[PDB]
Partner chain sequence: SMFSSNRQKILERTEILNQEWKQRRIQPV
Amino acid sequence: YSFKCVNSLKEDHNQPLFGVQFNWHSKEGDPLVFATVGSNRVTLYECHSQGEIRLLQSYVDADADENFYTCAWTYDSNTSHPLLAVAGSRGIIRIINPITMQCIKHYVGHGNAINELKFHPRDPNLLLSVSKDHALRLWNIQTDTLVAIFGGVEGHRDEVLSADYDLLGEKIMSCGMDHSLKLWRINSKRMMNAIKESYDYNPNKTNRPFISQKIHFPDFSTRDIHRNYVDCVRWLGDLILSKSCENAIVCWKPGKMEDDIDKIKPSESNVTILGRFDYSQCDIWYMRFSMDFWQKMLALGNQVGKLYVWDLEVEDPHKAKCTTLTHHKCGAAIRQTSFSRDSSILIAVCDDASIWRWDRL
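Could you show the structure of this chain alone, in the form deposited without the partner chain?
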């Protein structure tokens, strides 16, 4: 069963769609749902049979000058109800109730735009934001606390564009405009204690403010993978996938070939390149690749509407199998893609506000 294009639509604001995410927490027996973000809007859609994309409801920011760049799903840890976090150029994180599209609460702190949001893979309350102000921030949305800020002179020296947690949420890799990729361990004694204290914090029961950690030294750093802005990074096991605007996703690891990622010291000067997935016409800034839930597949769109999909179910990264998907009516730049949890549907969103649905048939 290969992917076939079954439907498309266009949002009425005619501005770029910069983010799309399926809700991988959608419940058994419920339709698949994805969110899109662009302009000052967040919109939810349901996937139905015969390729139908059913429009539900939007959240529209009161600031006409807001531009949402990113969204991420989680759930309420006490009720299991789904939640959607969104953020963009205003640097405000909004937690949206996707049922009613009400803004439930918001967080301010970043000195500028937020370029990506990610939830911890094991803890639905821990939200990571990366910002134009050169820092990452880790929030606890259960107690509304800023747990840690990752920055300083040895942190990123320009806008941070992307970050990703590893499998267990023990470490973060970040990347951005300074061409660098940086590792931040969050399973240190200091960070585990900070997370524990954030859960114990209730401003109604104490006089102290909550103290955020300032983490000023990454556990690894390299500028030897890309030669331009690094705008997307993801873990693949202990390996890293990252891209710039140089028509390539590089698969690499810190240290030499046989170096364990958890033995890597901050002074480590070597990296190892395990493969590189080349493609065409994707040389503009701000284009994201995505993986499915099981990390069997990788997808990326290019600036003229072509989709590349790599099968990662092979013995080594450089053996990945590529397929391409095109439609004669899809010619705008694809900023982000999202697989449904089972990988039966792939959605792409574009600079002309169009949405493209591909079904595995």
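Residue numbers count along the first chain shown, from 1. Think of the rigid core as the biggest set of C-alphas that the two forms share within 1.5 Å after superposition. Compared with the form solved in complex with the partner chain:
For the residues 48, 27, 329, 296, superposed on the rigid core between these two forms, a C-alpha shift of 2 angstroms or more shows up only at 27. Once the rigid core is overlaid between these two forms, residue 316 counts among the residues whose Cα shifts by 2 Å or more.
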The other form holds:
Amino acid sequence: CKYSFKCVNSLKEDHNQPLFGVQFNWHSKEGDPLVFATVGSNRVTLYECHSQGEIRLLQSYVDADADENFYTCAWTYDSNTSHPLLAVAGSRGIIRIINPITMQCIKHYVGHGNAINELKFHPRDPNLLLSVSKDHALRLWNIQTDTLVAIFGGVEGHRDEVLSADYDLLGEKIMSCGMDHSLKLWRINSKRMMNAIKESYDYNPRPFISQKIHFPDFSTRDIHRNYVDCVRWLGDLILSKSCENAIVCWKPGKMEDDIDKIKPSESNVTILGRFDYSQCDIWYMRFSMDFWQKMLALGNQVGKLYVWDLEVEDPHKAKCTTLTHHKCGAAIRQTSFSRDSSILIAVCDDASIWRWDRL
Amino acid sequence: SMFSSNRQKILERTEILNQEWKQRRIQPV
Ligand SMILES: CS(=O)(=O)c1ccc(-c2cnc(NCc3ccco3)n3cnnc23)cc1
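Having gone through the form deposited without the partner chain, I am curious about the other one (the form solved in complex with the partner chain); can you provide its structure?
Then the entire complex follows, led off by the chain already shown.
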């Protein structure tokens, strides 16, 4: 591995509520300051990473509803004006698009009949927002035309609350997972989906008719024996986790089966490896990757930060020196790498933020 | 190998996104 990091700073947010999400803005241009967002309680807080471990508070957003509990945030930009944007959501089930420059709410989306666990923006189209809910469904929105493009759920949709989802690298497909122990593939490069996406860009005030996607392109309940709270693509492979204190690397179908040739009926699944760690068997503990997918990071319920080198084939030999600090004891809900992998931020259940600079 | 080829797919595809990001000039926060 050889990846080393030093803890250069930490701070605590005065609300003292758990911090459930952290995301670096990967849209900032090279040389611009490194900025990340933290979410917890009814707060969205922006910070700037400066020299000598300085974490400079930029602005704070306070949701008028004191009972709102943000679980996730995601960065985008306005395709017309090149202006940065931030989506936030949680407990209330409302998507809020905040202007990060003014820290004011631009617009919101109501629709999910329950809480939102994850928000992800399409890797190519910055207007395609994917929300994942406790309502058993995933929703795809066009935030430029304010249309609900598709609702992924129904007859062969998730049976329980959806916990996480991720787009592949080029955004041709989505892999979702939840409480129902399943992992479902949803192709968005299908002619039906591409057309729905085209139709949402054409919509201008009869309201827009969202596609109801009742059927996935693959479904498996044979990777994990309990909830699947985190999923991300690793090339054509999948990285997913449950309570088994391991992140599992797998692929739909048999060993030689190409991801784009698998049938929705595909019965088989090939487990390829495992990333073992400890004291992370509780729910809502997300893992992250850096932009180049060279590094893998997960925090545990006791303040430890596991980091793996993905360019090392053996998932045992891949483990890098686990990151610890004697004052970091709370649960690490989520981590975020800066776009250039030089900074790694971890947020905790005690409202603390930790900064790990690469050596 | 399964790894070698999966890593090249990641390389090629993250490069596509990196080239698209290089073209952009997103306004600083
Ligand atoms: C203070 S506590 O009582 O320990 C406590 C602990 C954890 C949560 C909590 C955190 N994150 C998400 N969603 C994000 C998410 C989805 C998959 C992974 O991460 N949630 C949704 N529903 N509850 C939560 C709330 C309260």
